[PDB]
Amino acid sequence: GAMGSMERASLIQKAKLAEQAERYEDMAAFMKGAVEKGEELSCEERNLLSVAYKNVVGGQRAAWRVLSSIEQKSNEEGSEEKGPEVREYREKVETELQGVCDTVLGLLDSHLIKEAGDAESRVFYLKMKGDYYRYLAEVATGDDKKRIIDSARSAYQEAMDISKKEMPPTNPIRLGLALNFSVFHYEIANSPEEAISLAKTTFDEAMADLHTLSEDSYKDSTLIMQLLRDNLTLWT
Amino acid sequence: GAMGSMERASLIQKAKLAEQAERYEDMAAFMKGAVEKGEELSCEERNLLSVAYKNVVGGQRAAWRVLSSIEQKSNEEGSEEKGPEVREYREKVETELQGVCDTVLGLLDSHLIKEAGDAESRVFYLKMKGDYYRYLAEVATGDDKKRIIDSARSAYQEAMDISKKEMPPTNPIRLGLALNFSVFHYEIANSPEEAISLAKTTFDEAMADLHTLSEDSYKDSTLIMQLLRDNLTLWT
Amino acid sequence: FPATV
Amino acid sequence: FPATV
Ligand SMILES: CC(C)(Oc1ccc(Cl)c(F)c1)C(=O)Nc1cccc(-c2csc(C(=N)N)c2)c1
Ligand SMILES: CC(C)(Oc1ccc(Cl)c(F)c1)C(=O)Nc1cccc(-c2csc(C(=N)N)c2)c1
Ligand SMILES: [Mg+2]
Ligand SMILES: [Mg+2]
Ligand SMILES: [Mg+2]
Ligand SMILES: [Mg+2]
Ligand SMILES: [Mg+2]
Ligand SMILES: [Mg+2]
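Here the protein sequences line up with chains A, A', B and B', keeping their order. A prime marks a further copy of an entry chain.
Here the first sequence is numbered in the deposited numbering, starting from -4 and rising by one per residue.
Here the second sequence is numbered in the deposited numbering, starting from -4 and rising by one per residue.
Here the third sequence is numbered in the deposited numbering, starting from 591 and rising by one per residue.
Here the fourth sequence is numbered in the deposited numbering, starting from 591 and rising by one per residue.
Worth double-checking, as some hints may not be accurate.
As the list claims (entries may be wrong) - Straight line, CA to CA, 30 Å or less: simulated DSS-like cross-link-like pairs of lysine-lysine: (1) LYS140(A') - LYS87(A); (2) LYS77(A) - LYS49(A'); (3) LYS87(A') - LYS159(A'); (4) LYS49(A) - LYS77(A'); (5) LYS87(A') - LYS32(A); (6) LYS214(A') - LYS49(A'); (7) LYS11(A) - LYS87(A'); (8) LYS87(A') - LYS77(A); (9) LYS49(A) - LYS87(A').
What the hints contain is simulated information worked out from the structure, not anything from laboratory work.
Just chain A, with the same shape it has in the complex:
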């Protein structure tokens, strides 16, 4: 709401400035305001939105992992009772992380996904939906954990189905979707074999399509292919 008085173009301009200044919280707030203008986002604008929130939530995830590790050690036998503070602060960071994920999911649901008809936009947003449900799953422990995991899976699966029908195997969005869905299988769904199979098949099918690409497209696709290979090396 606080961006309601700022022009759409000004919000986009300031998001780019915020990125240059490494002010990712500001960047995300500007892009949220841009989305809330109600118009569809161009390719560049979609990537500004994703970069901003990925940086914000990435920092929260890193902090949550540090605090969770300290909390785990505090609860091993022989450790000294140091009070509720570690749990409280881990919970504070966790709640803020969940709030960011809920905000992103809310933008996707109101109304980016429903207006996205082209494969490049729709797959991009469904990948985001899977990613932010995955981040919620990383911290989930309650009655709803299985439903959170299934929400991530469902969004990734719809994105996968569209990407395989509508994009070449080297399309970087298709590749990044596969990379992340493979990580979902390995880290969230306790399915390392599915993770490895998906990464391998994605890599091999992309390899076979590189011959169709310009030098610049080749650079983009091979960059993500190397991430798939990096994960395969980690996992095998």
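Given chain A, put chains A', B and B' with the ligands in place with the hints provided.
Chains A', B and B' with the ligands only, in chain A's frame:
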């Protein structure tokens, strides 16, 4: 005020956790709450306060410099008018930076400095006062700029006078004060000769006192001495 | 951790 | 920039 219900010891504990998680805004908020309990701060607590706010304001300063550079380039002849957005966003970051500096200066004035009687606490807080007025001076342009610069100078000078009377020349607080006051001379007060003279005399007087120190104290003092040398190399 | 984009 | 602590 929002930390008013949390125990002092819990705020300190959470400041340390926030540091481990690289959550410096949280760290600063916890330490502000600790200061507002009204008790004096121990040596460790003073350093938690300073680390937290130094990291917060350091990030703001880096962002302000990026944006100011973009703004300067936008106003060179031949550049394209891109509207008020760069100025507006630089001003937004500037106002937030000023707010943080005002908060720190407010904690020092209410009431850390007036209760600080030992040299190690009083010099530390007066150095902080000089540093945060220096950060205000970096962005100042108005009727009050000269008074802001003089406020920094005055705080640094009182700290210097106490440090020379009450601390050995190798004391790391005395050394860091001299380092920063020398930077004030070079970057704020347009006094490079004073900056160089202060850094050199500080370094040489510390060198001559190293023989009195344990191995651990020697490590602490020589670390700051190397920063003085680094600045001298940059400036000569 | 594994790579994601 | 020069070093400060
Ligand atoms: C290399 C990387 C991480 O590959 C990806 C591969 C797949 C997915 Cl799904 C993804 F999200 C990323 C990437 O960012 N590629 C990319 C593609 C198109 C546009 C932009 C862009 C426009 S503007 C902008 C900015 N940062 N100001 C960045 C960036
Ligand atoms: C190396 C460095 C930057 O030297 C300085 C020299 C002079 C000044 Cl005036 C200064 F501010 C720093 C420093 O930090 N020294 C130091 C000294 C005493 C205590 C602590 C400490 C206790 S706890 C803690 C934490 N980070 N959790 C840090 C740290
Ligand atoms: Mg308009
Ligand atoms: Mg919780
Ligand atoms: Mg399959
Ligand atoms: Mg109490
Ligand atoms: Mg201003
Ligand atoms: Mg002198």
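Each hint, compared with the structure:
1. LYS140(A') - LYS87(A): violated (40 Å)
2. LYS77(A) - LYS49(A'): Roughly 28 Å between the alpha carbons, so the hint for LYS77(A) and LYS49(A') holds.
3. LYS87(A') - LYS159(A'): Given that 30 Å is the threshold and the Cα spacing comes to 40 Å, the pair is violated.
4. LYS49(A) - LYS77(A'): holds (28 Å)
5. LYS87(A') - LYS32(A): Judged against 30 Å, a Cα distance of about 22 Å means the pair holds.
6. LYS214(A') - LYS49(A'): holds (22 Å)
7. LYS11(A) - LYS87(A'): With a Cα-Cα distance of about 15 Å, the restraint between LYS11(A) and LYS87(A') holds, given a limit of 30 Å.
8. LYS87(A') - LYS77(A): violated (40 Å)
9. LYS49(A) - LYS87(A'): With Cα atoms ~23 Å apart, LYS49(A) and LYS87(A') stay inside 30 Å; holds.
Taken one by one, the earlier hints fail for this structure at numbers 1, 3, 8, listed in ascending order.
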